[PDB]
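One protein chain omitted, others in place.
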Amino acid sequence: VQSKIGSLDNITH
Amino acid sequence: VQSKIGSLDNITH
Amino acid sequence: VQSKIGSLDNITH
Amino acid sequence: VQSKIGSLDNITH
Amino acid sequence: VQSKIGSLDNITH
Amino acid sequence: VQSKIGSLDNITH
Amino acid sequence: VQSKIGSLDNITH
Amino acid sequence: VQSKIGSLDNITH
Amino acid sequence: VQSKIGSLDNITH
Amino acid sequence: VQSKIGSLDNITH
Amino acid sequence: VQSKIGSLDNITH
Amino acid sequence: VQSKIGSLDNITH
Amino acid sequence: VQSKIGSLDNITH
Amino acid sequence: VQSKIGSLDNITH
Amino acid sequence: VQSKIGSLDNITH
Amino acid sequence: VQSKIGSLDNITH
Amino acid sequence: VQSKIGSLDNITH
Amino acid sequence: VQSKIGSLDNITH
Amino acid sequence: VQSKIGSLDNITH
Amino acid sequence: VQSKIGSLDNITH
Amino acid sequence: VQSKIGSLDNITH
Amino acid sequence: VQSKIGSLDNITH
Amino acid sequence: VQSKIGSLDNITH
Partner (left out) sequence: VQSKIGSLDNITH
């Protein structure tokens, strides 16, 4: 509700 | 409800 | 509710 | 679950 | 589930 | 669960 | 009852 | 009852 | 009852 | 069995 | 069994 | 069994 | 079972 | 079981 | 069981 | 179950 | 079940 | 269960 | 209900 | 209810 | 209820 | 459900 | 559920 997910998994390989 | 997903998996390989 | 997740796992390999 | 009730009964006299 | 009730009964006299 | 009740009965006389 | 309601599931293998 | 309701499922293999 | 309600599950393998 | 399961009842007299 | 399970009842007289 | 489980009852006289 | 009803109602006006 | 009802109501006006 | 009811109500006006 | 088993009802109005 | 089994009903108006 | 078993009801109005 | 079992097994040996 | 069991097993040996 | 067991096992040996 | 309700079973072996 | 309700069982071995 009225929320934001910027990211969950930011993997740099 | 009135929410935003910018991204879930941002993989840089 | 009215919350934000910037990130959960930031892995640099 | 992630719901909302603005009102149920709006009675005027 | 992710629903909304704006009102149920709007009664005026 | 992550819900909200703004009001149930709004009665005026 | 024995449900998956209003949830998010992210799985990276 | 034994349902998947209002959910998101992201799977990356 | 025996449900997954309003939850987030992130799994990285 | 003879239940009101996940229902909405609105009765106005 | 003869229950009100996850329901909403609104009765106005 | 003959219970009110996770329900909302609103009664206005 | 092996019973007798002589009468039930004897009403006189 | 092996019983008798002579009468139940004897009403006179 | 092996019982008798002579009468229950004997009302006179 | 919720029955009228081997009973006698006498109603006078 | 929800039956009238071996019963006697006498109604007088 | 919730029955009227082997009982007698006499009602006079 | 209002029944009777005279016998079930009559074994002579 | 209002019943009677005369016998169940009558064994002669 | 209002019943009677004369006997259950009548064994002669 | 998977019950013996109002039944009679006689087994002789 | 998986019950003996209002039943009679006679077993002879």
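Assorted remarks:
For clarity, chains are labelled A, B, C, D, E, F, G, H, I, J, K, L, M, N, O, P, Q, R, S, T, U, V and W in written order, and residue numbers in each chain start from 1.
Definition applied: a residue touches a chain if its C-beta (ideal position, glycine included) is under 8 Å from a C-beta of that chain, and two chains touch if they have at least 3 such contacts.
On the side of chain T, the interface with the absent chain consists of residues 8-9, 11, using the contact rule stated above. Take chain U: the residues that touch the chain left off the picture are 8-9, 11. Interface with the hidden chain, as seen from chain W, comprises residues 1-13.
In this section, only the chains that are shown with their structure count from here on.
Comparing contact pairs by residue number, the interface of D-F is reproduced by A-C among M-P, A-I or A-C, since over half of the pairs coincide.
Across the two candidate interfaces, G-I and A-I, the one carrying more C-beta contacts is G-I.
Chain C and chain N, compared by their mean Cα positions, are separated by 84 Å. Each chain gets one centre point, the mean of its Cα atoms, and the points for chain F and chain S are 67 Å apart. Centre-to-centre separation between chain Q and chain S, using Cα means, comes to 30 Å.
Counting partners per residue, chain E has 1-2, 4, 8-9, 11 as the residues that reach two or more other chains.
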